[PDB]
Structures are given as C-alpha cells and as structure tokens.
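Consider the single chain below, provided in structure tokens and representing the form deposited without ligand ADP.
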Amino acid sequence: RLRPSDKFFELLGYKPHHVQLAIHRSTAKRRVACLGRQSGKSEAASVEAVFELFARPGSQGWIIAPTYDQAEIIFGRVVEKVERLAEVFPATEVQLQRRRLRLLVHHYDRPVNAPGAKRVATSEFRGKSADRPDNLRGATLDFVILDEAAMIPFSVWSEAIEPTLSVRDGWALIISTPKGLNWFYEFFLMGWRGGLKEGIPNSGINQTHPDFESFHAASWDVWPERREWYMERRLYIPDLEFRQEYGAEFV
C-alpha cells in the first residue's frame, strides 16, 4: 500500500527531482527506469529501500548489480540513511555486516534503551552480484532493486529473482542505462505509456502490462544546464556510447 511521503523524504534529508518523484509515486509492482548517467537513479533506489526497512518491519530486500563493487554503491547509501534515520525511531536498532553486504533493522516492542525490550521483527537488506550466481540462493523477498539491469543476464531475473518475488507479491525497481534491444528493453516497453519517442523503437505503438510502469530520461532531461556540455563530448565519445549513456536511447 503506502509509498514514502513528503514527510518521510524530509526525515531523510531527501529532495527528489521530477524523475525521482515520478518513480516514488508509482505504485506499480514492476517499475522500470531507463535513465542517463547522473539521473539520480542510485539515490532514488536507496530511499525506496530505506522506506521498506522501517515502514514494513520484517521486510526483506536485495539490491543486485552486475558486480559486488557496483552493488556496494546503492548498498552503501542505504546503510548511511538507515543508520542515521534509526535515531528518530527509538524502537529500532541497526546491525551491519559490511563484508557480507548485510544490513539488519531490528524492531522492538518498546524503545531499545528501555528495560525488558523484546525484539519483534527484523527487516533485512543485502547487496548481491550477478557475477556471483552462487550467492544467489533463495530468500523470500518483499522487494528488489536491479542496478544497471541491462548488463545483468536475463536468467538472473527469470530464474533467481522473479520466483522469490512472486511469492510475497513483492515489487521490483529495475534501473539501467540501456544496452540495446535486450530483456531490459522488453520490460521497459511493457510499462511505457509516454508515446512515440526517438531512441525508443516501437514506442507509441507498444502494448503495456498493468503491473508495469516505465520512466525515461536523458541526462540532460535531469540536467538541462549540462546539455551543451554533454553534446560537446561527442567529439571524443563514440556515438553509440553517447546515445546510450546520456541519451538513454535503445540502439
């Protein structure tokens, strides 16, 4: 049900831009964001995780990226936010295992500093890596974040993530700069209701699934004052790399 509110953002120190805000307001179980670099993907994803850990005690979630080093980015941001925020929820206590990328938020039946405090629930967030399929062994997930999803093999989604989500009817936030016409393109299109758009083949004539909602932004959509700087980089950046990483185009 509940999405993080303006009050929750204010507690966090978070001031979302327009694309971020659209993602947070979406209630879709499959949110797919095709965004250029510097889009605010990481921060937005991290706020989603923070909200679940406190607002749904006992919730479990993963952030998955192509590598552990990539996964550490969103994980690290969730850790900072959770450790700080916990201060204003006296009935919580945070436990961190940095090496195992495991974050626990223990929920109690009274303030943690009170005598007799009993643990009632534990929310859990882990960082996972697509290049380490061996550590992708089950959990019952309420939510999942896929970072740089277009670089993650579809099998990771279809075999190791989607099944453990459909159980608790959990949600997925699937984020990436595009890597051509692969599974991330397909999932994007399933949620795309913004009509015909250059860079997106079959936009405007595509069908959509009701559980899907998709978002699109070039770097210069988020940062208009950087548009000229982005364009002038084409002098030394190959065209395809430019169109994908900044244009967020499916080529």
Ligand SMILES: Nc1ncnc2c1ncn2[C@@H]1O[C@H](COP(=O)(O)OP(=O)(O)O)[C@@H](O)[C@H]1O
The other form holds:
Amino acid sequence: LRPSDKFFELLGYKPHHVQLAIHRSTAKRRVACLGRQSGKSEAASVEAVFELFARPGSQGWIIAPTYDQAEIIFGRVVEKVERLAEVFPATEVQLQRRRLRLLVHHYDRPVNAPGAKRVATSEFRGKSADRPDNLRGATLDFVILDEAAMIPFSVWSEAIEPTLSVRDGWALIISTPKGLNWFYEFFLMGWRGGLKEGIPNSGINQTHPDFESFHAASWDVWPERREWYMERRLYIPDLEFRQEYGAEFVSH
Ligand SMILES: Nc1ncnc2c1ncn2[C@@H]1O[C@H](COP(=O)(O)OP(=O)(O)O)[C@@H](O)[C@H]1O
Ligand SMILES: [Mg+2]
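The form solved in complex with ligand ADP, contrasted with the form deposited without ligand ADP above:
Full complex below, order starting with the chain above.
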C-alpha cells in the first residue's frame, strides 16, 4: 500500500524529506502546500507508478487546471511505467498520448510466453479542470490534483470525491497556495505542525483523521537557494513571492 525503498530504488528515485513524508503517509487525503521546486510532480508520479503495478486493475487520474499542466505528471508517469515494465515480465504497457491514457496490462504469465492471458488492466489518465465535459465516470482508486488551489472546488466536490468514496480511494492534493479557498480548508484539516507564519489558524485548528497535510517553502527543500529566492523580491510582487516560494496562505 506504500511504495518501499526497494521500489524507489527500482525507479531510480531518491526522495527528499518532504517527498518521503508524503510517501510514508497512509492518509486517504494527503494535502501538500509546497512552493515551486519542492518535488511535488515527481512524488505524485511515483505514487501513480506504484499503484499501477502494485495494485493490478487500479484506476487513477491526475487532474490539473489545464491539459498542458496535466501532461507534466502524466508524462513522467509514462516514462517511469514504460521503463519499470521491463522488470515485470507479466506486464505490457499501452499508451495513447493524444488521449492522455496509459494502460498497464497484467497477464497470468510472462508476456513473451505462449498462451499469455490478460488478467487485469491498470489505467491512468490525465484530465483538465478547464474541460469539465471530459470529466465523466469513473470508479477511481486514486487521484492526484495538481495545482489544486487553481481548480474550482466544484470539480472536487461533484466530479472527483463521489467516485473516490466508492472504492475508498485516496487523493493526493498538491498545490502552491492561492489564498483562503477550498485548498486552504483541506490543508488545515490535516495540519498538525502547530502554529506557523503564513498559515492562518494554524496551532488552533481542528483536524480530521483521514487528512494529513505537508508544508514547505521552496527554500525548505532548497536551503542553498534561499538567498536567491529572497533577492528576487526586488522584481517579484510580495504576494507572488510569499505564495509561490513561501507557500503562504494570504488573504487576497
Ligand atoms: N527526489 C528528487 N530527486 C531529484 N530531483 C527531484 C526530486 N524530486 C523532484 N525533483 C526535480 O524537480 C522536478 C519535479 O518536481 P517539481 O515540479 O520541481 O516540484 P514542484 O512540483 O514542487 O514544483 C524535476 O525537475 C525533478 O528533476
Ligand atoms: Mg507541480
């Protein structure tokens, strides 16, 4: 249910402390409010790869505000899945790049052997919030929301959450913050790190047991870049800096 160090090693993946914390969490609602360059995309892609191989027949989506944004995590899952399939002889990968559809077929024997029968198919799709029409179906075991704070809450409440609750699927909800909107609320439901600047009501907030939240500024992950980030404030508006790098929740 959780990818292991052995699985990371297969992926050529060496997570950072914040990525590792996300991977170790068993919460069905993981909410990561992290600045740019925090490793959000890579960690989410690793989660998807693991599900497709470790849970044959699993179905998941990555949803972003736009298709170009969804292509980022989707494309990384593709590379990893097509490479990793080499060491699982009973799998065969099928890709539809145009439709952002990735299939991992699981067989009853190695694919190169006579008589191989397909037993299960894991499926991973990219989806766009700015195309609600293509949000139909589907029984999901997992979902990734990328730049979630820019996705309308209605996409979550109406088009994603109902299908997840069916199979008791999990959600990884990741974003740089965009003020005090639904992403802030979901973040607080899982925030147990106490009072922290940039997070209103931290320290006094309630939490829900199925929620776990993660927070990191860009310079928490890249301390050697802290001075460069700070020196950009000469030409970057203060709000943009506090949100995109500080990962701060600010009342617009
Ligand atoms: N554990 C890691 N080790 C090395 N590089 C990483 C790791 N995680 C992320 N990256 C790098 O950062 C990018 C992936 O996530 P990214 O988009 O930077 O983080 P965020 O989504 O938080 O902005 C890629 O450039 C990837 O090479
Ligand atoms: Mg990202």
